[PDB]
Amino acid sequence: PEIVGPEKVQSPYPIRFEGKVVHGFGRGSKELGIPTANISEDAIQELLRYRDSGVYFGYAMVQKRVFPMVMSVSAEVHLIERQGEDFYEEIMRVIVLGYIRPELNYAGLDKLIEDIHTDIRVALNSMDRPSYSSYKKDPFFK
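Could you show the structure of this chain alone, in the form solved without adenosine-5'-diphosphate?
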């Protein structure tokens, strides 16, 4: 599907949390134009308590700037941006707005990378709606 999630953001969404980025933003995903941050197990256990594993979407803030994102749930955040920004800080705020799909069986490196680009396209489409886009200015990102 080209789009996912109901018209409005409602329970279980949104899910707000702040966590530390462990192991920095790797050069590999950076070379692919997908800044990636792995969130520390702590700070997400309670906020993600009853959520199924898989790929989620929403917004994330780093270095005082907000970007749309997709996150694999452990939590791996892939920021969506096309300018090759310099990400290095260790604290990130994330707001999960909806679910995209469950995890898929591993089928190689390129398939993994292509699924991420697809998830990103779908996330962008899914957040085009007013109930979703307003969270870019959420007080949590103050």
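Between two forms, the rigid core is defined as the largest C-alpha subset superposing within 1.5 Å. Residue numbers count along the first chain shown, from 1. What changes on going to the form solved in complex with adenosine-5'-diphosphate:
Once the rigid core is overlaid between these two forms, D115 does not reach a Cα shift of 2 Å, moving by less than that. After superposing the rigid core, the Cα of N105 is displaced by less than 2 Å between these two forms. Relative to the superposed core, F25 shifts its CA atom by 2 Å or more between these two forms.
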Second form
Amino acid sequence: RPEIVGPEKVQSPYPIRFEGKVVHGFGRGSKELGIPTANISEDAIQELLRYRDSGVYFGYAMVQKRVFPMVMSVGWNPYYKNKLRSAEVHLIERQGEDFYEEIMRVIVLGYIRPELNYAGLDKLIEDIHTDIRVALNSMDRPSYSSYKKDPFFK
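Taking the form solved without adenosine-5'-diphosphate as the starting point, write out the structure of the form solved in complex with adenosine-5'-diphosphate.
Chain alone follows, minus partners and molecules.
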């Protein structure tokens, strides 16, 4: 796996901008597993991500008026046969209280990788850490970092 992904400059279809409310998941205490992920309300991503690749994306996101680099996993709801998109976001290097029922604004800037067949907790944790390291490296580039001041965040 490379330590950086995507073109030097943001390229279509990015940036993809959207907002959704942070709601609970199913019970996977990610927060305690040291890798807290915020589930986005399903109503906000159904049509928008329906034809986008499942996997891990990166970009910026804002909640409680603060902006953070982030990674986002996009998959399908396993509880229903009717294809239902799901998206969960992890704000990178954030310190603060929880933000359930809060509106998060997201700006997707690039794709990291497709979803891997679940191979256990340890592996999942490793992949997330690598994803974070790659996200930060990828947004170190000017064309990307400038979106941290995008009007959508104003």
